[PDB]
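Only one protein chain is missing; all other protein chains are in place.
Chain nomenclature is as follows: A and B, assigned in order of appearance, with residue numbering initiated at 1 for each chain independently.
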Amino acid sequence: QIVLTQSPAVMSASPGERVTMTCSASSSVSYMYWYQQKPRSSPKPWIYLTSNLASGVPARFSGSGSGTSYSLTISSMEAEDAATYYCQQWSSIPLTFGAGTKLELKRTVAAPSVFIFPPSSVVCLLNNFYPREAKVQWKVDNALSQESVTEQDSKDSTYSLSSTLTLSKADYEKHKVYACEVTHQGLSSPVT
Amino acid sequence: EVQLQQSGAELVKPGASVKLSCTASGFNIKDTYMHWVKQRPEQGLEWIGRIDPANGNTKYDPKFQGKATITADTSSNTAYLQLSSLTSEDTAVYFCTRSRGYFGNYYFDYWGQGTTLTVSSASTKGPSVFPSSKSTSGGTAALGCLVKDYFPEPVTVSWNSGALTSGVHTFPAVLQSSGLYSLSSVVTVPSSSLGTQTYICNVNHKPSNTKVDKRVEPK
Partner (left out) sequence: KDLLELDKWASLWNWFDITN
(Lines give C-alpha, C1' and ligand atoms only; values in the text may rest on other atoms or scores of the structure.)
Protein backbone atom coordinates (compact mmCIF):
# COMPACT_ATOMS: atom_id res chain seq x y z
CA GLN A 1 0.00 0.00 0.00
CA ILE A 2 1.57 3.25 -1.22
CA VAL A 3 1.00 5.81 1.54
CA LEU A 4 1.65 9.56 1.51
CA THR A 5 3.72 11.13 4.29
CA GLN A 6 3.06 14.86 3.94
CA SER A 7 5.25 17.65 5.31
CA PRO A 8 5.65 20.20 6.73
CA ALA A 9 2.48 19.31 8.65
CA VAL A 10 2.32 22.51 10.74
CA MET A 11 3.64 25.78 9.32
CA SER A 12 3.05 29.53 9.37
CA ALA A 13 3.49 32.16 6.67
CA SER A 14 2.47 35.79 6.18
CA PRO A 15 1.28 37.36 2.91
CA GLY A 16 3.55 37.97 -0.05
CA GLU A 17 6.14 35.29 0.65
CA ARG A 18 6.32 31.99 -1.21
CA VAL A 19 5.10 28.74 0.35
CA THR A 20 6.25 25.26 -0.70
CA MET A 21 4.84 22.06 0.82
CA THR A 22 5.74 18.51 -0.18
CA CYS A 23 4.00 15.12 -0.07
CA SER A 24 6.37 12.18 -0.49
CA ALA A 25 5.24 8.60 -1.05
CA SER A 26 6.56 5.25 0.14
CA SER A 27 6.83 4.12 -3.50
CA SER A 28 7.25 5.87 -6.83
CA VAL A 29 3.99 7.24 -8.24
CA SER A 30 3.35 9.00 -11.54
CA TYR A 31 1.01 11.85 -10.55
CA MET A 32 0.05 13.78 -7.42
CA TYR A 33 -3.31 15.41 -6.69
CA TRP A 34 -3.97 18.26 -4.27
CA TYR A 35 -7.14 19.06 -2.33
CA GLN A 36 -7.81 22.08 -0.10
CA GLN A 37 -10.36 21.76 2.71
CA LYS A 38 -11.49 24.78 4.70
CA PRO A 39 -12.94 24.21 8.19
CA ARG A 40 -16.57 23.03 8.20
CA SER A 41 -16.58 22.57 4.43
CA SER A 42 -16.01 19.83 1.89
CA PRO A 43 -12.49 19.56 0.43
CA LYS A 44 -12.22 21.59 -2.77
CA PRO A 45 -9.94 20.08 -5.43
CA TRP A 46 -6.86 22.17 -6.13
CA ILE A 47 -4.19 20.62 -8.38
CA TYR A 48 -4.70 17.54 -10.54
CA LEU A 49 -2.18 15.60 -12.64
CA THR A 50 0.84 16.82 -10.65
CA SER A 51 0.68 20.41 -11.94
CA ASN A 52 -2.74 21.28 -13.40
CA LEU A 53 -4.87 23.80 -11.52
CA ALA A 54 -8.63 23.50 -11.11
CA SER A 55 -11.25 26.02 -12.23
CA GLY A 56 -11.21 28.35 -9.23
CA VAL A 57 -7.57 27.92 -8.16
CA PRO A 58 -5.51 31.12 -8.55
CA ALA A 59 -2.59 30.93 -10.96
CA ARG A 60 -0.18 31.73 -8.10
CA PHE A 61 -0.47 28.08 -7.06
CA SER A 62 1.57 25.44 -8.88
CA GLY A 63 2.72 21.85 -8.42
CA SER A 64 5.80 19.91 -9.48
CA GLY A 65 7.78 16.75 -8.82
CA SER A 66 8.37 13.22 -10.06
CA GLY A 67 8.38 9.75 -8.52
CA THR A 68 8.09 10.18 -4.77
CA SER A 69 9.18 13.83 -4.91
CA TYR A 70 5.88 15.73 -5.14
CA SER A 71 5.01 19.17 -3.79
CA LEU A 72 2.83 22.27 -4.12
CA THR A 73 4.22 25.80 -4.29
CA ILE A 74 2.62 29.24 -4.08
CA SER A 75 4.11 32.21 -5.93
CA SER A 76 2.93 34.82 -3.41
CA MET A 77 0.73 33.83 -0.49
CA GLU A 78 -2.58 35.62 0.11
CA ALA A 79 -4.99 35.55 3.05
CA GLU A 80 -7.81 33.19 1.98
CA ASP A 81 -5.44 30.20 1.67
CA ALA A 82 -5.15 29.18 5.35
CA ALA A 83 -6.51 25.62 5.32
CA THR A 84 -5.37 22.00 5.00
CA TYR A 85 -3.99 20.82 1.64
CA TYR A 86 -4.41 17.05 1.49
CA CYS A 87 -2.57 15.16 -1.25
CA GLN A 88 -3.63 12.01 -3.08
CA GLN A 89 -2.36 9.59 -5.71
CA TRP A 90 -4.16 7.53 -8.35
CA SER A 91 -1.35 5.15 -9.37
CA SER A 92 -2.08 2.18 -7.08
CA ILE A 93 -5.05 0.75 -5.20
CA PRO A 94 -5.93 1.34 -2.38
CA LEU A 95 -6.01 5.09 -2.96
CA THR A 96 -4.34 6.83 -0.02
CA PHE A 97 -4.27 10.43 1.20
CA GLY A 98 -1.76 12.42 3.17
CA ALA A 99 -2.46 13.71 6.64
CA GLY A 100 -2.51 17.23 5.17
CA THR A 101 -0.51 20.31 6.13
CA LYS A 102 -2.31 22.93 8.21
CA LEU A 103 -1.61 26.42 6.84
CA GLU A 104 -1.66 29.37 9.23
CA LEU A 105 -1.06 33.11 8.89
CA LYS A 106 1.98 34.81 10.42
CA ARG A 107 0.60 37.49 12.73
CA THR A 108 2.54 39.86 14.96
CA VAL A 109 3.77 38.64 18.34
CA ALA A 110 1.02 39.35 20.86
CA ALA A 111 0.38 38.01 24.36
CA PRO A 112 -3.20 37.29 25.49
CA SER A 113 -5.29 38.78 28.29
CA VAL A 114 -6.27 36.47 31.16
CA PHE A 115 -9.80 36.26 32.55
CA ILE A 116 -11.49 33.97 35.07
CA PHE A 117 -15.12 32.92 35.57
CA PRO A 118 -16.39 31.62 38.93
CA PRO A 119 -19.03 28.90 39.33
CA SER A 120 -22.22 30.12 41.00
CA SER A 121 -16.74 24.61 37.23
CA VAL A 122 -14.22 27.46 36.91
CA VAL A 123 -13.65 28.74 33.36
CA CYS A 124 -10.44 30.50 32.33
CA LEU A 125 -10.12 32.50 29.12
CA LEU A 126 -7.26 33.47 26.80
CA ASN A 127 -8.01 36.04 24.09
CA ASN A 128 -6.22 36.91 20.87
CA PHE A 129 -2.69 35.54 21.23
CA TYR A 130 -0.13 34.62 18.58
CA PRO A 131 1.31 32.09 18.18
CA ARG A 132 -1.11 29.33 19.21
CA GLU A 133 1.17 27.61 21.75
CA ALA A 134 0.14 28.22 25.36
CA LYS A 135 0.36 26.57 28.77
CA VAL A 136 -2.48 26.73 31.31
CA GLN A 137 -2.02 25.71 34.95
CA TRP A 138 -4.81 25.77 37.53
CA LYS A 139 -3.92 26.61 41.14
CA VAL A 140 -6.58 26.08 43.82
CA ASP A 141 -5.04 27.32 47.09
CA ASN A 142 -1.57 27.31 45.49
CA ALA A 143 -1.96 23.61 44.62
CA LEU A 144 -1.40 22.24 41.11
CA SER A 145 -9.68 20.28 33.19
CA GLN A 146 -10.11 20.43 29.41
CA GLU A 147 -8.65 22.91 26.94
CA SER A 148 -10.38 24.39 23.90
CA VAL A 149 -8.70 26.53 21.23
CA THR A 150 -10.47 28.31 18.38
CA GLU A 151 -9.20 28.49 14.81
CA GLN A 152 -7.17 31.40 13.47
CA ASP A 153 -9.62 34.30 13.48
CA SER A 154 -10.38 35.77 10.05
CA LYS A 155 -10.04 39.37 11.29
CA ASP A 156 -6.69 39.38 13.14
CA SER A 157 -5.25 35.84 12.71
CA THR A 158 -5.22 35.20 16.46
CA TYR A 159 -6.20 32.20 18.58
CA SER A 160 -8.17 31.94 21.82
CA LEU A 161 -8.01 29.30 24.56
CA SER A 162 -10.60 27.99 27.03
CA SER A 163 -9.65 25.79 29.99
CA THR A 164 -12.62 24.32 31.88
CA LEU A 165 -11.69 23.23 35.41
CA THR A 166 -14.41 20.86 36.64
CA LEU A 167 -14.86 20.41 40.39
CA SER A 168 -17.68 18.96 42.47
CA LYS A 169 -19.77 21.12 44.78
CA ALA A 170 -18.30 19.32 47.81
CA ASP A 171 -14.70 20.18 46.91
CA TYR A 172 -15.63 23.67 45.67
CA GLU A 173 -16.59 24.93 49.14
CA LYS A 174 -13.58 23.28 50.83
CA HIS A 175 -10.93 25.60 49.34
CA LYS A 176 -10.65 29.37 48.97
CA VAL A 177 -8.47 30.97 46.30
CA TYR A 178 -9.11 29.82 42.72
CA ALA A 179 -6.54 31.12 40.24
CA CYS A 180 -5.57 30.54 36.60
CA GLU A 181 -1.90 30.83 35.61
CA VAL A 182 -0.73 31.27 32.01
CA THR A 183 2.73 31.36 30.41
CA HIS A 184 2.75 32.93 26.95
CA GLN A 185 5.36 33.15 24.18
CA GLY A 186 6.47 36.79 24.01
CA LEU A 187 5.91 37.40 27.72
CA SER A 188 8.98 36.46 29.78
CA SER A 189 6.85 36.02 32.92
CA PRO A 190 3.59 34.37 34.00
CA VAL A 191 0.17 35.77 34.96
CA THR A 192 -2.71 34.90 37.27
CA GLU B 1 -24.14 23.33 -11.99
CA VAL B 2 -23.53 19.92 -10.39
CA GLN B 3 -24.46 18.96 -6.83
CA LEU B 4 -24.47 15.83 -4.67
CA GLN B 5 -27.26 15.80 -2.08
CA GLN B 6 -26.18 13.67 0.88
CA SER B 7 -28.19 12.74 3.98
CA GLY B 8 -28.35 14.30 7.43
CA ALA B 9 -26.46 13.64 10.63
CA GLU B 10 -26.90 10.30 12.39
CA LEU B 11 -26.67 8.95 15.93
CA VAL B 12 -26.42 5.16 16.21
CA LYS B 13 -25.81 2.68 19.07
CA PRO B 14 -22.47 0.87 19.47
CA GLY B 15 -22.86 -2.14 17.18
CA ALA B 16 -25.92 -1.18 15.12
CA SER B 17 -26.30 -0.58 11.38
CA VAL B 18 -26.69 2.74 9.57
CA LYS B 19 -26.98 3.77 5.92
CA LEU B 20 -26.08 7.11 4.32
CA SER B 21 -27.23 8.64 1.04
CA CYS B 22 -25.81 10.81 -1.76
CA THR B 23 -28.29 12.04 -4.38
CA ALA B 24 -26.29 13.25 -7.38
CA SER B 25 -27.83 16.06 -9.42
CA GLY B 26 -26.78 17.80 -12.62
CA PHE B 27 -25.37 14.65 -14.25
CA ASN B 28 -25.92 10.93 -14.73
CA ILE B 29 -24.02 8.69 -12.32
CA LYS B 30 -23.80 6.03 -15.04
CA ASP B 31 -21.30 8.33 -16.79
CA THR B 32 -18.80 8.04 -13.92
CA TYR B 33 -17.99 6.25 -10.66
CA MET B 34 -18.93 7.19 -7.09
CA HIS B 35 -16.47 7.23 -4.19
CA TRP B 36 -17.01 7.55 -0.44
CA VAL B 37 -14.39 9.02 1.92
CA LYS B 38 -14.32 8.73 5.72
CA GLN B 39 -12.63 11.53 7.68
CA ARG B 40 -12.00 10.91 11.36
CA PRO B 41 -12.55 14.15 13.32
CA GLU B 42 -9.46 16.37 13.56
CA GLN B 43 -7.64 13.85 11.35
CA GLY B 44 -7.13 13.12 7.66
CA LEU B 45 -9.16 11.52 4.89
CA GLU B 46 -9.60 7.76 4.46
CA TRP B 47 -10.71 6.24 1.15
CA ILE B 48 -13.58 3.80 1.68
CA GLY B 49 -14.37 2.41 -1.76
CA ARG B 50 -16.42 2.89 -4.90
CA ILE B 51 -19.11 1.35 -7.09
CA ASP B 52 -19.79 1.40 -10.81
CA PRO B 53 -23.43 2.58 -11.09
CA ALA B 54 -24.03 0.71 -14.36
CA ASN B 55 -22.84 -2.74 -13.25
CA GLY B 56 -20.70 -4.64 -10.77
CA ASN B 57 -17.26 -3.04 -10.49
CA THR B 58 -17.38 -2.32 -6.76
CA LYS B 59 -14.03 -1.85 -5.02
CA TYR B 60 -13.26 -1.13 -1.38
CA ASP B 61 -10.16 -0.61 0.70
CA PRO B 62 -9.19 -4.14 1.84
CA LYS B 63 -9.06 -2.78 5.40
CA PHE B 64 -12.58 -1.40 4.87
CA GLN B 65 -14.28 -4.40 3.25
CA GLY B 66 -17.00 -6.19 5.19
CA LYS B 67 -17.75 -3.04 7.17
CA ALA B 68 -18.73 -0.98 4.11
CA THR B 69 -21.37 -1.80 1.49
CA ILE B 70 -21.85 0.69 -1.35
CA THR B 71 -25.00 0.37 -3.47
CA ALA B 72 -26.55 2.50 -6.21
CA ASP B 73 -29.88 3.12 -7.93
CA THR B 74 -29.60 3.85 -11.65
CA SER B 75 -33.08 5.35 -11.95
CA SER B 76 -32.86 7.32 -8.69
CA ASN B 77 -29.35 8.75 -9.34
CA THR B 78 -28.49 8.25 -5.66
CA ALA B 79 -25.54 6.40 -4.13
CA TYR B 80 -25.89 4.74 -0.73
CA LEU B 81 -23.33 3.66 1.88
CA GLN B 82 -24.29 1.03 4.46
CA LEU B 83 -22.26 0.37 7.61
CA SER B 84 -22.43 -2.31 10.29
CA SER B 85 -21.11 -2.85 13.82
CA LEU B 86 -20.62 0.84 14.57
CA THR B 87 -17.85 1.47 17.11
CA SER B 88 -16.08 4.48 18.60
CA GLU B 89 -13.42 4.41 15.86
CA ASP B 90 -16.17 4.61 13.22
CA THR B 91 -17.43 7.89 14.72
CA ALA B 92 -16.44 10.25 11.90
CA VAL B 93 -17.71 12.48 9.09
CA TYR B 94 -18.36 10.83 5.73
CA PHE B 95 -18.27 12.52 2.32
CA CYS B 96 -19.32 11.64 -1.24
CA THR B 97 -17.56 12.31 -4.55
CA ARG B 98 -17.14 11.00 -8.09
CA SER B 99 -14.34 10.18 -10.53
CA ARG B 100 -14.62 9.97 -14.33
CA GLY B 101 -11.43 7.93 -14.70
CA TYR B 102 -9.09 8.94 -17.50
CA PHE B 103 -11.57 11.20 -19.30
CA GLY B 104 -12.16 13.24 -16.14
CA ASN B 105 -8.47 13.51 -15.19
CA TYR B 106 -9.13 11.19 -12.22
CA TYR B 107 -9.34 14.02 -9.67
CA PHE B 108 -12.45 14.29 -7.50
CA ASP B 109 -14.05 17.28 -9.22
CA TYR B 110 -17.36 17.66 -7.37
CA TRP B 111 -17.83 16.69 -3.71
CA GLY B 112 -20.88 16.31 -1.51
CA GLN B 113 -21.65 18.46 1.50
CA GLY B 114 -20.46 15.84 4.00
CA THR B 115 -22.37 13.81 6.60
CA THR B 116 -21.49 13.63 10.30
CA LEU B 117 -21.99 10.34 12.16
CA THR B 118 -21.80 9.69 15.90
CA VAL B 119 -21.83 6.45 17.90
CA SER B 120 -22.70 6.24 21.60
CA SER B 121 -25.20 4.78 24.07
CA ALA B 122 -25.99 7.84 26.24
CA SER B 123 -28.47 9.42 23.87
CA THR B 124 -30.67 12.52 24.08
CA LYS B 125 -29.15 14.43 27.00
CA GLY B 126 -30.33 18.03 27.27
CA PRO B 127 -27.79 20.79 27.85
CA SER B 128 -27.14 22.20 31.31
CA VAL B 129 -26.07 25.82 31.69
CA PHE B 130 -24.27 28.09 34.17
CA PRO B 131 -19.21 39.31 35.31
CA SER B 132 -17.16 40.34 38.36
CA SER B 133 -14.14 42.49 39.20
CA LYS B 134 -11.92 39.55 38.19
CA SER B 135 -13.56 39.24 34.75
CA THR B 136 -12.80 42.75 33.44
CA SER B 137 -9.59 44.03 31.87
CA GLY B 138 -8.88 47.63 30.85
CA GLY B 139 -12.42 48.90 30.39
CA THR B 140 -13.52 45.60 28.82
CA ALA B 141 -15.39 42.99 30.87
CA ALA B 142 -15.70 39.32 29.93
CA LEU B 143 -18.93 37.38 30.40
CA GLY B 144 -20.48 34.22 29.02
CA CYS B 145 -22.36 30.99 29.56
CA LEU B 146 -21.27 27.37 30.09
CA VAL B 147 -23.22 24.78 28.08
CA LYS B 148 -22.37 21.51 29.85
CA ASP B 149 -23.56 17.90 29.89
CA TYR B 150 -25.31 17.66 26.52
CA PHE B 151 -25.36 15.02 23.78
CA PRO B 152 -25.12 14.93 20.87
CA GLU B 153 -23.40 17.77 19.02
CA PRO B 154 -23.96 20.58 18.17
CA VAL B 155 -25.47 23.33 20.35
CA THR B 156 -26.03 26.70 18.69
CA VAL B 157 -25.22 29.62 21.01
CA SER B 158 -26.14 33.17 19.99
CA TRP B 159 -26.09 36.41 22.00
CA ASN B 160 -29.25 38.57 22.01
CA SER B 161 -30.07 37.29 18.50
CA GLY B 162 -27.58 39.44 16.59
CA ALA B 163 -26.21 41.81 19.24
CA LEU B 164 -22.60 41.87 20.48
CA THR B 165 -21.33 40.50 17.17
CA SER B 166 -17.65 41.34 17.63
CA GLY B 167 -15.75 39.81 20.52
CA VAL B 168 -17.75 36.57 20.44
CA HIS B 169 -15.85 33.30 20.91
CA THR B 170 -17.91 30.09 20.96
CA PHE B 171 -15.21 27.53 21.72
CA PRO B 172 -15.39 24.03 20.21
CA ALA B 173 -16.78 21.44 22.59
CA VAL B 174 -14.63 18.97 24.52
CA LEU B 175 -15.42 15.30 25.11
CA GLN B 176 -15.37 14.90 28.88
CA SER B 177 -14.52 11.53 30.43
CA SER B 178 -18.14 11.35 31.63
CA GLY B 179 -19.42 10.80 28.07
CA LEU B 180 -21.26 14.11 27.66
CA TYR B 181 -20.17 17.22 25.77
CA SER B 182 -19.44 20.63 27.28
CA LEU B 183 -18.36 23.86 25.58
CA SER B 184 -18.12 27.55 26.47
CA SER B 185 -19.23 30.80 24.84
CA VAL B 186 -17.93 34.11 26.20
CA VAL B 187 -18.45 37.71 25.10
CA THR B 188 -16.69 40.94 26.07
CA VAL B 189 -18.62 44.01 27.24
CA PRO B 190 -17.58 47.45 28.58
CA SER B 191 -16.85 48.70 32.09
CA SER B 192 -20.39 49.22 33.41
CA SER B 193 -22.37 48.32 30.26
CA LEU B 194 -22.71 44.73 31.52
CA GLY B 195 -25.40 45.77 34.00
CA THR B 196 -26.93 48.43 31.74
CA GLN B 197 -27.37 46.53 28.47
CA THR B 198 -29.06 43.17 29.06
CA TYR B 199 -27.12 40.23 27.60
CA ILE B 200 -28.51 36.72 27.14
CA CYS B 201 -27.05 33.57 25.58
CA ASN B 202 -29.48 31.71 23.30
CA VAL B 203 -28.43 28.06 23.58
CA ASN B 204 -30.43 25.84 21.22
CA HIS B 205 -29.85 22.07 21.13
CA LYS B 206 -31.74 20.78 18.10
CA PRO B 207 -31.29 16.99 18.74
CA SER B 208 -32.91 17.07 22.17
CA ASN B 209 -35.10 20.03 21.09
CA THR B 210 -33.86 22.03 24.09
CA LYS B 211 -33.96 25.81 23.57
CA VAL B 212 -32.60 27.55 26.68
CA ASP B 213 -32.36 31.33 27.11
CA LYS B 214 -30.00 32.17 29.98
CA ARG B 215 -29.53 35.73 31.24
CA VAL B 216 -26.01 36.70 32.34
CA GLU B 217 -26.20 39.22 35.18
CA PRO B 218 -23.16 40.90 36.78
CA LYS B 219 -21.90 39.83 40.20
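A few points about this structure:
One rule holds in what follows: a residue touches a chain if its C-beta (ideal position, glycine included) is under 8 Å from a C-beta of that chain, and two chains touch if they have at least 3 such contacts.
Per the touch definition above, the residue from B:17, B:28, B:43 or B:57 contacting the chain not shown is B:57.
Of the listed residues A:46, A:85 or A:90, the one in contact with the hidden chain in the full complex is A:90. Residues of chain B that touch the chain left out of view are 33, 52, 57, 99, 101-103, 106. Where chain A meets the chain that is not shown, the touching residues are 29-31, 89-93.
As a working rule, only the chains that are shown with their structure count from here on.
Chain A meets chain B in the complex at residues 31, 33, 35, 41-45, 48-49, 52, 54, 86, 88, 90, 93-100, 113-121, 123, 125, 127, 146-150, 160, 162, 164, 166.
Those residues of chain B lying in contact with chain A across their complex are 43-47, 59, 61-63, 95, 105-109, 111-114, 130, 132, 134-135, 137-138, 142, 144, 146, 148, 169, 171-174, 176, 182-184, 186, 188, 219.
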